[PDB]
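Omission of a single protein chain aside, the complex is shown with its protein chains in their original locations.
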Amino acid sequence: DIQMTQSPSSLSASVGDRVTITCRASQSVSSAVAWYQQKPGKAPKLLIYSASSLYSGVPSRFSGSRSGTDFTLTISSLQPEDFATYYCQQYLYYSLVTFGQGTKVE
Amino acid sequence: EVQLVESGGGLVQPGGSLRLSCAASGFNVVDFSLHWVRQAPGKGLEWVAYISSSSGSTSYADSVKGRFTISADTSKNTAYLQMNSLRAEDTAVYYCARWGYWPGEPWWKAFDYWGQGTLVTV
Amino acid sequence: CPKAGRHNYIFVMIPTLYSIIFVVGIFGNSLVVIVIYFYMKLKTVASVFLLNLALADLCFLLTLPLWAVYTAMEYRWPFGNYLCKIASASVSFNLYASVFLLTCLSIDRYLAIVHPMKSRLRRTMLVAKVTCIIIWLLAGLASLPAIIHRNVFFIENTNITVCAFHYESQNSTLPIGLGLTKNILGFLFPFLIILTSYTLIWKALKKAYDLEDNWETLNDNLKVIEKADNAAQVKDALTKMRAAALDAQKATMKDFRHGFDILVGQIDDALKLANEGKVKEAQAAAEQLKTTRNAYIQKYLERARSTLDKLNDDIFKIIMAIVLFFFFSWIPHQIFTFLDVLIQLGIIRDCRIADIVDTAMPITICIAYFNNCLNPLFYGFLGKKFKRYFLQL
Partner (left out) sequence: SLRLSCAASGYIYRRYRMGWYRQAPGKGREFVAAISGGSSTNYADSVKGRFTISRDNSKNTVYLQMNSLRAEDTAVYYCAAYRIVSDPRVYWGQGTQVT
């Protein structure tokens, strides 16, 4: 039962700004952390897998890093389409999946 | 192309039974582990259950164990989620996702493809 | 501003301190040479370079001490012109020889720690001797300007005579070139090479520690699985086991990654039985993780434990202590050599700073002379502490 905590419950930002979202894990989960982006009324879309690997079809602005237990999602060039809810995930095992709480960006 | 389609949702009285489904296309269920992620209205995503068309390792969330029964039918290339004894906390939108098996990069990709989701209200 | 002076205390403190440095350093370096040549024979590349470093320090302590009497009474040099040349070339000779030997020591440590098998043994001792020959030749050839140009110089009408550097041009680029090679080739490039070598050593040390630390988490939780029966504690033990296996696989090529692929495969198999409410099968399935440890991961674990043991060697602590102390003792000299080389070029035109630089250069030579005396004290760590037996005997 690894609990994922997301630091910013909300993050107001302007177009072209750089935002950072941070995740923390109860235990060590290696790099088994994925980042999602859910727009209202739509299913989430995977952005970064393995905590540092950009998914195919995703703009290179998105980035992820891991420093031990702390996982950070960073976008350096925010765009009008970046305004969505960004979730966290630890996927160390099939039955051990826990998501974050959400980082609605406005 | 790869696509997951959910069906079988609706509105039922509390304590009722529902039979959710997750159709698949563009990939096989044998080489992918199909999960069920639930998002309560106004809340975040929480994992519910998962099934394998492989040997058959299944699991459920601690807050949902005993009343849910996930199943897979590789002949029809779809996964089902049996629901019974539904409580008021089970009202949410259920997404079915896919997740590769451990050997290789498919496991590291997490829920690469999701489904449009189906709404269940009790 | 032209009228100044700080020789009231310099002319008395330095000569006594110089004599103390001379005696202590000569005794310590003689002991270091004696132990490195008889108590622990020249069977390693590191001992060959360390013996050469001790010999270079002995040469500096034997050919400079005429500077102690040169500064003892004013700056008079009532010695031979050859003595002035061989006492003024010794600063450059010691700097270049010691810094080159320290770079070669860092390179040897890098090779011995992070390329255990890429470097042979028979072909390195000869290479070490040839490198020492080339280092001594390079240090001697880089001290040739101080032999050709340094000369005795009678001051005006009075009989006071000094060992002066004779530049046969007012706008001569030799002082700038000599003072810059002493900064670049004598300090900068060797320091960069040593930093790269020690960072690459640290990078491999971190990778070796990561594999063993992550395997320790795998080992402790394996014993927890056997000594537990509740169908629950097995799950948390494997949860920490799976994460450790994934983290260890990131250390490192195909065989190493493959070996950890079955390891996480067995962990998942144990979690499948643990999630099914079976403890004996979960405990039984967790036992095969030891069988796959020997097949693939054991050969990589030993290469990591051995690498970490090399950090605990006395020769590693001594070499890095010598390297660090050398760059701390010589950095006052290179800073003021760069400060002085700027004044000649006209980059800085300030009388106040010029007096500071002039009064600081004798102290910088004093500090660099102190490095040779404190080097043999680092050897008093362990293993080489058998010199106490030799002294009593």
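Per-chain numbering from 1; labels A, B and C assigned in written order.
By definition in this document, a residue touches a chain if its C-beta (ideal position, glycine included) is under 8 Å from a C-beta of that chain, and two chains touch if they have at least 3 such contacts.
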| item | value |
| --- | --- |
| Touch with the omitted chain, as defined above, among C:8, C:157 or C:230 | C:157 |
| Selected from C:351, C:382 or C:391 as touching the chain missing from the view | C:351 |
| Hidden partner chain, touching residue among C:72, C:200, C:231 or C:361 | C:361 |
| Chain C, residues in touch with the chain not shown (by the definition above) | 2-3, 75, 153-157, 162-172, 175, 343-344, 346, 349, 351, 354, 357-359, 361-362 |
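We take it that only the chains that are shown with their structure count from here on.
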| item | value |
| --- | --- |
| Centre-to-centre distance between chain C and chain A (centres being mean Cα positions), rounded to whole Å | 44 |
| Junction residues of chain B, two or more chains touched | 57, 59 |
| Numbers and ranges of chain A residues touching at least 2 other chains | 32, 95 |
